[PDB]
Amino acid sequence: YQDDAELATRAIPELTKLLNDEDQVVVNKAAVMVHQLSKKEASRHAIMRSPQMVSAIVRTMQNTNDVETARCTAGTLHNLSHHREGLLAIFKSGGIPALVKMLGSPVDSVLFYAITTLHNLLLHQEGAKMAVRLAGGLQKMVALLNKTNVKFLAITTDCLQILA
């Protein structure tokens, strides 16, 4: 740690611009990397300290058509959501409506990261309940209830008890 921290901070601006690229091969690779970075606490802290990086992850998650890119950027928000500062950064970045949109994904890992991140925001982040409602999150959550396994159902039922 601390070495790792500064290493990340140096790379973060360029990763940001690559994540924002128009070429989806480039986006994908930069997303894999950002996801791998989010696995170590030091560099996870440098990701969460960068509004630009957080906004690029949110925007990519939401606009992408590549399954793997949606997975890795959703996974990354998931990892940030384990920290109070991560939650706040997702929230200020517009992460909530992106995450609610990923509740329509036919992909299991993505649904998974989206519902758990939303759960962590609903539990711990002031302002999250209203912003999930504003994004239509109650209906999108209710649409999943007959469509998922009993573990997703349980988490989603809990998000709903938080919101109703």
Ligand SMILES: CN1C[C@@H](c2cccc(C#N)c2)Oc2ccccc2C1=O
Second form
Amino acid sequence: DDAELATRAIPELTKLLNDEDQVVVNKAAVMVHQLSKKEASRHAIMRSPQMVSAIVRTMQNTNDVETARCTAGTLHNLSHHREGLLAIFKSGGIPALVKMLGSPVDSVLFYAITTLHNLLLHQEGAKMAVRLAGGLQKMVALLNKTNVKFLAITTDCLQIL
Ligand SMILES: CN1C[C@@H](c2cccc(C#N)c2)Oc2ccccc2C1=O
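Could you output the structure for the form solved in complex with the ligand, given that the previous block was the form deposited without the ligand?
Full assembly next; the chain just shown is listed first.
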């Protein structure tokens, strides 16, 4: 029933993610991120190409810190599934994630590189897409960070490319 109800709510949540009111978009992004933490509702989000497109679009245009963390966090969760990596890939997720590599918000930064690593690992076409978006230069720029786990994931992205 969790999956069926998340499924019905999706079109309205997709609509509110594209709203002009920034408080409406933030609240919808908080909602969708919460839905992405439960496997039944994460399944429903991955099956909606329109919903994944709205999370990508919102993530790359938002100036709201919580909105950026919630939307990148949502993509991070969906990237742990094959039917999730594919939806991110088709919705223009790679260029948006590459832009997020320039975030001063460290959780957005960690979510962005982990999702991109999951993509470079199992998504066909992700290698060339990361390169076309300038991800090679962006990832090299991060090698100056000091967190051990973050540096290793970033170095494996470059070792994969
Ligand atoms: C949310 N956001 C947009 C922008 C920003 C605006 C206002 C406050 C902060 C903080 N802290 C950051 O900075 C970014 C730059 C590049 C990629 C992504 C971000 C990003 O994460």
